[PDB]
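Next up: just one chain, as structure tokens, the form deposited without ligand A1IRH.
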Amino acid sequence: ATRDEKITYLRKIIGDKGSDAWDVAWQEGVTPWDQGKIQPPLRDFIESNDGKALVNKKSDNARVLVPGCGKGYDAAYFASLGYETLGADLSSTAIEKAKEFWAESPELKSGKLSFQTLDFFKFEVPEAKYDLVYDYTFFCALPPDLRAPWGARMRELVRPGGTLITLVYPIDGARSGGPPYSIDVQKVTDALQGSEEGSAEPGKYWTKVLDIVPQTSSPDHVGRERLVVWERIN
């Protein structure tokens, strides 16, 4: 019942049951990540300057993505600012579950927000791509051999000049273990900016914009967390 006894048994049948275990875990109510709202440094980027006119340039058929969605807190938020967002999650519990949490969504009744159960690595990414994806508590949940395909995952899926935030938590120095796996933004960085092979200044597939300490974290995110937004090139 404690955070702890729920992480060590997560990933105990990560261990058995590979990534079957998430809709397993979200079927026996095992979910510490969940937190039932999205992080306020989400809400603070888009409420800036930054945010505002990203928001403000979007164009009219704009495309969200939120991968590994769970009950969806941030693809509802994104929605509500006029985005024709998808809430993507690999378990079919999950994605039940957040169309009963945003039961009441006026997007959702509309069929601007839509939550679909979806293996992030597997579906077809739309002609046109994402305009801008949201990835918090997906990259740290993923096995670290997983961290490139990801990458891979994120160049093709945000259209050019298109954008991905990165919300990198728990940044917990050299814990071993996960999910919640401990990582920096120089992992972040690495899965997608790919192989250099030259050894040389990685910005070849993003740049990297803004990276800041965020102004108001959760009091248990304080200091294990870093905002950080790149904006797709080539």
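Positions refer to the first chain, counted from 1. Under this definition, the rigid core comprises the largest set of C-alpha atoms superposing within 1.5 Å between the forms. Compared with the form solved in complex with ligand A1IRH:
Among the candidates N49, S176, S199, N56, the CA atom that moves 2 angstroms or more between these two forms after core superposition belongs to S199 alone.
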Contents of the next structure:
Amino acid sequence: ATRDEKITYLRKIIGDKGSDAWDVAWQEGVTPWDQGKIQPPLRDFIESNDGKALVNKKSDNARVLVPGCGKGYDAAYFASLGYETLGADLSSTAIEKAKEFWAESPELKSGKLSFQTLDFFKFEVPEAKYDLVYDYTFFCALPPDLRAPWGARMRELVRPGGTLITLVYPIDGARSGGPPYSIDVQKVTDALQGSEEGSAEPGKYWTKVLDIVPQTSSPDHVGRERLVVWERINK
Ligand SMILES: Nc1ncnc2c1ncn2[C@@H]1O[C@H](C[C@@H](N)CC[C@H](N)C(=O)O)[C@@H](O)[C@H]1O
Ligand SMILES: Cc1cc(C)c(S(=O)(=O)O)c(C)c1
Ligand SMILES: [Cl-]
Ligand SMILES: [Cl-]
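Return the structure block for the form solved in complex with ligand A1IRH; the form deposited without ligand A1IRH was the one displayed.
And the full complex, kicking off with our chain again.
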């Protein structure tokens, strides 16, 4: 079937089954988002001077979370940098296929990399929280009414002074419907900064330290993508 057809179906079964539709999609092989590798802006950020700084300052027990990790390319990448890394996905099928795709990873073998079937909204945040979290094609997978809970979870998941990286894609403008929902930095901002009763005036919970157009985007991502680095505050 075509990509449009696979997306049309995906949106059907989400309409009928809700969040259970994802493991169905994985079981049936309707995974049109799967690229087989990380997106280049992630590696370029990490190898950039800002990224080297972030990695060099990592504590000896620094922990990474990649929610909605799918086949887990991003989690495998962060583990290969020496971070103890958990890739979390709602679909047990996705998590099994991530264990297959990464079966030869030295970090999987050692346990430094770990894949687990987990609901991002429900699992128990560890006491130490996470030093670094990476969100790619997860915020844009969620229905719009789940964006505020996503930001609330994000605020609990990242330790004070820790970092959240959002590869914001797809920035398609006013197109309606999803997945993949058309998003932008403002939508990520509003979700992450939440509200303070009276208003949502930013600088409450995060500092947006970096917001760039990546220089190396996949060709179908050019013009629809921004990379954003957030630091958690209110220590
Ligand atoms: N509440 C949830 N908790 C954890 N994972 C979820 C949740 N809802 C949806 N997902 C997963 O989010 C993934 C969205 C995928 N389209 C993208 C996967 C991955 N980020 C990639 O770049 O390949 C799916 O694998 C879902 O199983
Ligand atoms: C969650 C989600 C779903 C889909 C179908 C896609 S994609 O087809 O555009 O690649 C992406 C990027 C994310
Ligand atoms: Cl990769
Ligand atoms: Cl934007």
